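2 protein chains.
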Amino acid sequence: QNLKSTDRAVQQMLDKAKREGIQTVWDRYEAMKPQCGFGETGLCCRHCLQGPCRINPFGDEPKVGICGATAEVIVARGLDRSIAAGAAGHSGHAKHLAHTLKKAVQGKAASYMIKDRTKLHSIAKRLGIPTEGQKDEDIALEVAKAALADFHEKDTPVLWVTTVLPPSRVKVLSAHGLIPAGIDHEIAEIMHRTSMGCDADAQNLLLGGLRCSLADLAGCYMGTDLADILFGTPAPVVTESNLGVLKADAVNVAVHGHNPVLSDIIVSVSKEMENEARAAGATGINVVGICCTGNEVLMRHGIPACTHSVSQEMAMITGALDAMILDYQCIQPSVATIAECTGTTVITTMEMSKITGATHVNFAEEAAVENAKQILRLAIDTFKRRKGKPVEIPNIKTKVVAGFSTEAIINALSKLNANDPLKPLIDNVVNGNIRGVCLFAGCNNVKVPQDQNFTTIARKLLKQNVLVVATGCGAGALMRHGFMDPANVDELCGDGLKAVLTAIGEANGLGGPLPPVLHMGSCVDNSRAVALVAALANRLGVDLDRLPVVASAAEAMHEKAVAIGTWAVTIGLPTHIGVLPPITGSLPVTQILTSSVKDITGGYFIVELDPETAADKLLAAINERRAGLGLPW
Amino acid sequence: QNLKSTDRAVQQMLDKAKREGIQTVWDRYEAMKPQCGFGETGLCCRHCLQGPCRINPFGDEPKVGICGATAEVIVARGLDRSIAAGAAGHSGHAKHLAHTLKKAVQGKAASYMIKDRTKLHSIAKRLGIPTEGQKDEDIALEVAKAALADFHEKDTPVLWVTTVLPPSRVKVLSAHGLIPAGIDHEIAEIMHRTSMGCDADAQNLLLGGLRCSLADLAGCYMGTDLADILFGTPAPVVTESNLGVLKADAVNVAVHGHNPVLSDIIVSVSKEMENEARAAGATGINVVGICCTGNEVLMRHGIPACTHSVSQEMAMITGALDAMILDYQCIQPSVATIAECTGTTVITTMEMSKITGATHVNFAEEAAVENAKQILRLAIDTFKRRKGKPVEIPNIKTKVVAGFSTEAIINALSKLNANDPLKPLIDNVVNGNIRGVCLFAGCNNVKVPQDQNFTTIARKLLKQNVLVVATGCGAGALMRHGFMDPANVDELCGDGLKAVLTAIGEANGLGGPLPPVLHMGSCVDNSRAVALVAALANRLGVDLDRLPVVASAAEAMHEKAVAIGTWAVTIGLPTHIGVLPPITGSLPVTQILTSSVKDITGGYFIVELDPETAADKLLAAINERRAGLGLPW
Ligand code: SF4
Ligand code: SF4
Ligand code: FES
Ligand code: FES
Ligand SMILES: [Fe+2]
Ligand SMILES: [Fe+2]
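Each protein sequence line maps, in turn, to chains X and X'. A prime marks a further copy of an entry chain. Numbers given in the entry's author numbering equal positions in the first sequence, counted from 1, plus 3. Numbers given in the entry's author numbering equal positions in the second sequence, counted from 1, plus 3.
One should not assume that every hint holds.
Put simply, identical chains are the same to the list, so a pair is met inside one copy or across any two.
Simulated pairs of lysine-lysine, PhoX-like, Cα-Cα distance not exceeding 20 Å [what the hints assert, rightly or not]:
1) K66 - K450
2) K36 - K66
3) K36 - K7
4) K501 - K463
Don't read these hints as lab results, they were simulated from the structure.
For reference, chain X alone in the conformation it holds in the complex:
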């Protein structure tokens, strides 16, 4: 079982699933081997009804698609569609929040409100929306309207790109035609240009992909911005992670998917339904997180994280998960079938994301509290059904310090330098106590023993004094292995980094260091890392492609992760991916993505499946940037 997951709680549940005859994602993967080599290399096209077409990576025919599409066209078109799909997810999330904010301030959804007025005003200023003598509700209406306007063409480009990157970066991108005109406009143009008999030049196709990836960035940044307005900007919080956060004697409710519009309300209503739960024989409702919506409520409310990504089924296998409340994205549809075995009530809530066999309870923002109560009463009923049934919750959890929004990191640093908060961080980059910054992002992937790449790479980087930040299920991996517990600083961190984390933590009152890794939130909250890195660039007067900052999507899975990796490259970062994207069937495309793009954006992909080697390559990238700034390394 350690060949499947490096998480001991997951291993324990894999043994339980095995002896109970419950098929898991790992079993489904085994049943898929050997996987198709055409698909693995990207040398397959189904873009018209003359297909399917394939190209042998090596040897004899077929060498070309039926319409004449070359390997580099086919590979580039497939990649572009994955970027567009990712952009569609993050920006769909953002759109949902924009409509929620609009309804809130129009009096149509009283369960929602402006919680972070300071954030609202800062965003308005950034967008050029007047605030002086205006009512907050009117400012918010204008911010929501601006968010929606960025989905289509208008007299300005996408402001959630052009107003969040430094002017010099916008200039580089504009010179290459990479600034998106509208989010949904770019998604549609990708689908058009990649359809049969359209774009058939690899460089042209890939430039289109870079532009669409910036539409994805805009959607991420918009989603973080609007969620902070509505639900509060995260600040440091302490909680726990892993399956041991479930409680046999409570009604255990997982929030799973992505959007806090749903989960945030589940959290607050669950508190109000405590004596209902107790009337049912439970101690209360224990809300726990899975995937990014779990990260959202962890960051804002300290809701403990149950599990993440590939291991999500394992929460159900305990026998203790009374409900799994879903919105969209990254939910294995197997959960609907496993629920039949485990007793769990799986509940979908969004019209565009249903799962055959799950109960659907429409969630309307206009009726959010009532809908939440209906959902939570299903969960209480489920608890009652498992009275007297044995459960097997692994007694395995870690302590997690999280909540490191960009605002929170600046505020923490400000305790060392009140009027120049980024300077103490830069000072320690310059003196070598901080070698550079690495963002871990993205998924787990069944092909990689769960968490092995994240923890292997992070350990090497921490020992080398890298400041490590994380989001999504990368943060999930790290938190479940103790990388968010300050008690582990002495073991994990180099002496430089330890000194810095200790100095900040002591100056912020909590008699000890910051944690080894800073949790910056959900996958849309990769945008927070952009805000931090853009602020450093502006403070230093250099573009992002000069900074000693890298990213690693160490165990990537979703199309969303492909989009994020691509915008990380587009904004100027060396960006590791630890699984193979379907590009190796075309050397010219691989060379563009890993080498020639450096001449366009300054960023580049590092494709490396061996995590020790990946760590070495990431350190080399950081140190090259250090040398370019005239720094020792």
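Here the structure of chain X is known, so what remains is to put chain X' with the ligands in place on it, guided by the hints.
Below, chain X' with the ligands without anything else, positioned relative to chain X:
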């Protein structure tokens, strides 16, 4: 060679390509056999980096995707993405025209203008835009703004759906949640819901596909509307088709792709460059059409059609094609490589559709005449290079009567009944002289001997007194085989249909019948068939699903054709497809699309690869509708 194409001109050029060692689409198809059975059946998924996943149609594992995606989820998700891709193409075309109209009336593109003021006013009225006391330029600005507004969410749904179908049809669709909210909004929502871990219910997914197909319909209708405003509504015209329209002693220029914004200007500028051409030793510039942009200039200007779809390379093989001027969609990228062999100058013009090895000449609507002259001078130079080179133009052409816009059909009918023009058509449906109506649409496909299904089905239907209309490369097939020459009425048509075509043609002055098949235009001009059928529905006071009207995408290829077939079903038509879409790997999805959808929209797919059987099934569908109206059959 007759096993490849039933077109004798194509056969002749296949012999020339063979003896010259020039690889064709048919050769590339042969080199692809046997094709992947997983892709053919739709049982393959590459929506995340855990894939590729496949499902055996029958037998043992794999039985399910790695995430738990079932065969019916996988099939439905793939189909939905193809619909979204098609919608992205037609609506991208429409968007381009909307921006062109806006520039024209704002004084930014003087090469363009309002040519059809009557059409402009009719569209404005339909959309609810005031015209009384308004300047045409202001009305046009408002129409262009409305077109652009339909791409995104707003306070109304997509007006290029809701204002073009009868209220009772809008009501049916709205009750099922099928009216699109915005064109690009729907495309993006499809990409989201079909990404990993989102929608996983076949019926839900397919309803999403139906709604996205209506976004495609909107794009088609918008494209026809705007092109008519800018370039004129078609009226009956006489021209010729097939490779014999090329002229060895002229500069032969093919317009290929889709958008008249390009081709229309090539036509008018080519006339002005006649003595330049003659100075070069040519008789003039001979503009000829390929694919839909060829159909656009055929319909409006009588520009002869060279060839279509699968056989497009054959125009180059003659040795006489001096230039091929491209915008986007349905262009085999092989043309860039074949041009090296044949001498032809292949020229791309749009930023999102380039082909490695082709010359790119940006075309800006603001500079259209100058850009056109630059392009045409490349073509004249190419002519000069082939002085003294033998060419082989098959001496094979047909006469084509075309230009049957809906307005043109109504006007023709009005010669028999001035104030109730649809009544003579309905009278002859009722008395059985016209059994029903069949629309042929869509592509050729290399899997089917070229044109075999279109001509086989059309011959059977015509003998059975069906009024046959055609668009796109279905019209192309029919015209190249003589179905648009009135001289062939006695041979092809049943006595009822012959009597009707004769009575209309005689009443319209041209001493003989209308042609056997009415050419209604390009693929976006499938929207014209909708306008005709909606007008018949309104005149009879019934919905479209009661009318004896069917469609046949007899040799479908592009994602666009999938989208069109799907909206034909959604608006209420029995819709034949003569190639296998990738759905047969899921019986539940197949049953929805071919049977249960009848209970939702009244329409349904008829999947039938044998064209004699397809004809029988289409006649049975027509006659079932006749019986439902209380008519003899
Ligand atoms: S677009 Fe070209 S390569 Fe793709 S399936 Fe169609 S013929 Fe094959
Ligand atoms: S979305 Fe599911 S079925 Fe598709 S490639 Fe990923 S794991 Fe496989
Ligand atoms: S041939 Fe296997 S992914 Fe298409
Ligand atoms: S296994 Fe062949 S299309 Fe994927
Ligand atoms: Fe996520
Ligand atoms: Fe077309």
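Against which earlier hints does the structure fall short, listed by number upward? Violated hints: none at all, because every hint is consistent with the structure.
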